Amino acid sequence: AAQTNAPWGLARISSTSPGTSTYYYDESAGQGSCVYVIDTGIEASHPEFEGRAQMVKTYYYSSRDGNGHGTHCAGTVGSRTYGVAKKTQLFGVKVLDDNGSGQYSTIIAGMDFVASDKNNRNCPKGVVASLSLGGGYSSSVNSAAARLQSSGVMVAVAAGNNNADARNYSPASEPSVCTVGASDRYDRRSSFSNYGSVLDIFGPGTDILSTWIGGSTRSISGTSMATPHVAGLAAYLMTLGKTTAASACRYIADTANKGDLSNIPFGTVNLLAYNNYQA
């Protein structure tokens, strides 16, 4: 399938070169997979989600996304126009308040929630969790992400936006999950992207158009935007049968575009997420 005039990041993930604008992908499109977006919520009524999104858990007075961040990330996972995996099922878990903040204890509870809740959902092709959040190093936060991964969920987490080594942030620093840095449309490391040996992969993160609250759209930047590209890619590849939740991060690294990014510090992987789709 071909989506013309796609957001640059979608075009990038199906291309051996920057500078194109059509997204190419297998029509299976993540059908039969599920992606949990653990964030500020998801505006599931947005026409872009086509009834495939729902809130399943909140720790606050509403499950609504009063911020926009979670809706934007969910749109990059799976919206019809802005999403990587256009037929996945999206499940929102609201661990962040409408200011975008959240206690680590709530975030941990949300991760353990997903590890159990997947047993209440129909995801025959597999389960992914996208975590566009983080703070300073916490062994307990890392351990929660490790449990979620161990339980059979492909966990993708943001590297962070500090232009610093991600070893000092959580859950970015957990070795067993997929830690995602950000790149721009010219294949440069995004100016804010964290780096370091703990990164597994880069995805598009600068000037990413996606869904927003109030039935709208906007372009924003962050490793928060790169992470759902990778989460959606994992769901797409799992639906194709090419990999599993336990092996998808490694498979994405195996099949990535290699050596094409600029300003990657010595010791950080130079790998850009790529679907290897041959139309």
The other form holds:
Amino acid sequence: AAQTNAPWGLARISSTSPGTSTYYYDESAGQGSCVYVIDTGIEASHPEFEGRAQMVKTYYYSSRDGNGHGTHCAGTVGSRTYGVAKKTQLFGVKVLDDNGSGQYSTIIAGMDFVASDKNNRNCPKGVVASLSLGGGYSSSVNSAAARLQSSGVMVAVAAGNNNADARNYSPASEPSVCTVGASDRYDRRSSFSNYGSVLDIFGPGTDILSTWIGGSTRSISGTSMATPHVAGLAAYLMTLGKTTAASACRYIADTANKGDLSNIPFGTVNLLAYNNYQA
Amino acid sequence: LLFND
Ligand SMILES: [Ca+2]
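Can you return the structure of this protein in the form solved in complex with the partner chain rather than the form solved without the partner chain?
Okay, now the whole complex, with that chain kicking things off.
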């Protein structure tokens, strides 16, 4: 399948070179997989989700996304127009408030929740969790991410936007999950992206168009935007049977575009997520 | 510029 005039990030993950505008992908499109977006929530009623999104848990007064961040990230995973895996099932877990903040205890609870909840859902091709959030180092937060991964969920987390070594941030610094940095449309490391030996992979993160609240769209930037590209790619690859939750991060790194990025500090991987689609 | 870590 091909989507013409796609958002640049979708085109980038299906090409070996920058500058293209068509997103090429297998029609299976992640059908049969499930992705939990752990964030400010998801505006499930947005037409772009086609009834494939559902809120399953909130830690606040409402399950509504009053911020937009979660809806944007969810759109990059699996909306019709802006998504990588256009037929996946999305589940929203609201661990961040409408200002985009949240306590570590709540974020941990949300991870533990997904590890259990996935056992109540029909996701025959596998389960992914996308965490576009983080803060200063916490061994407890790292442990929660490690448990989630251990339970059989492909965990993708943002590296962070401090232009610093991600070793000092969580859950970015947990080695067992897939830690995602951001790149721009000219194949440079995004100016705000964290880096360091704990990164596993880069994905598009600057000027990413996706869904927003009130049935709208907008372009924003961050490692928060790169993370759902990788999460969606994992769901997509799982549905194709190329990899499993335990090994998807490694498979994505193995099959990545290598050496294409500029402004990567020595010691950080130069690997850009790539779907290897051949018609 | 954050949309985060
Ligand atoms: Ca890792």
